[PDB]
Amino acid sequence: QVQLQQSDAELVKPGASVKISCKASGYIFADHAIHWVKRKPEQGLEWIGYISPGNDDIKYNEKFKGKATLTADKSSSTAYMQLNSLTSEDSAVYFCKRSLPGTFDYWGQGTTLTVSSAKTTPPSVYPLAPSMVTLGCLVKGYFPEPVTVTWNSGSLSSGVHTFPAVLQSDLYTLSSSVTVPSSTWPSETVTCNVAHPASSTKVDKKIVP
């Protein structure tokens, strides 16, 4: 029943501030400290700070002293991290996580912070139609990350590849392939499901011959 709710995505202009929320439920908020961890491609993991709401104990990694500001609303059992004076270096996945490593260890989904002048754009979803047959979706011209792809609402996941997004012309392009037996397609429906949280959009594209 334990949950740490984080938004999938924050988009913020360089030099601005962002307040990332971590909403705790399933346990008494004041029982555990909430830690913040940065995951940036090729910079592994980096501990930012904790706020222990029970006793108003806040501790920072020295690197993030002016950068990060931790607070908690005890009444709505939500931990906040505010990053200040944002640069492209601050673009990363920010996790909130409960307690120290131990029995209480629990992680949020992570918030993808993109620091950019560019504005949120929903994806275009294009069908890729051709023993086994390979189908795909091309997900083009969305901003910012992330996007999730599924096939037939997840009921088709054997021989699904989703390729990491590539940034071109300040827009992301991603593809996804699914391999099914020639008997199943096209007599049985094959549909890719593209969710873009930042734009509150889901697109279903049915792959037709």
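Residue numbers count along the first chain shown, from 1. Superpose the two forms; the largest set of C-alphas matching within 1.5 Å is the rigid core. What changes on going to the form deposited in another entry:
- Core-superposed comparison between these two forms: CA of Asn193 displaced by 2 Å or more.
- Core-superposed comparison between these two forms: CA of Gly136 displaced by 2 Å or more.
- A rigid-body turn of 36° separates the smaller part from the larger between these two forms.
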The other form holds:
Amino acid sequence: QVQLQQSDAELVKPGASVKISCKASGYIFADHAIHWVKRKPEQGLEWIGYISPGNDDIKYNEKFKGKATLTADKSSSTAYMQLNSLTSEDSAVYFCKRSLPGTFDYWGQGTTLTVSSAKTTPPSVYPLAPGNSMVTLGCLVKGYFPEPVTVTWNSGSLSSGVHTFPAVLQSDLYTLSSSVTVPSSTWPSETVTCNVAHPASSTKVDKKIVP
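Same protein, different condition: the form deposited in one PDB entry was shown, now please give the form deposited in another entry.
Just this one chain is shown here; partners and other molecules are left out.
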């Protein structure tokens, strides 16, 4: 019944502004303040401020005064947060949430903000073959932007002993590797393929692992 529906993920350049929305339904919008909370990897949760649309009361964390603007449109039951002069420090998940901790506590689904100078870039995929009863192979997935990518092995049918590692950032571009472990008998006598998909560029790479 009660919902806080946030706007879609945002990807922007450093120095840009963004305005995130939070649409309330299933209750009377004016009855509860909307607080904004930043969830940034390795920086837990941080309170930004609130707007109380019923009495037009707005309060900011001092750190965000001059950086964030909170508004509300009562006619559309929507709260907004604008962030200006964006840097990579602003990359995070932003939540709107209702009221104080207690009975009315309720959260939006979150909006991801990525701030980067990089251009959308498909991955280059490089096969990893070795220089035991089991053998490990891999793929190196280099130079893509933005997240995410998905990696499968033989189209998902090689499901076991797969590890796809969190990407690391290098020159504004992401790189990761994926490993798969198969029986020695099956490789190289059978073909092993890593299948990389990058939704943002609509790209699929199928790279065969050659001994």
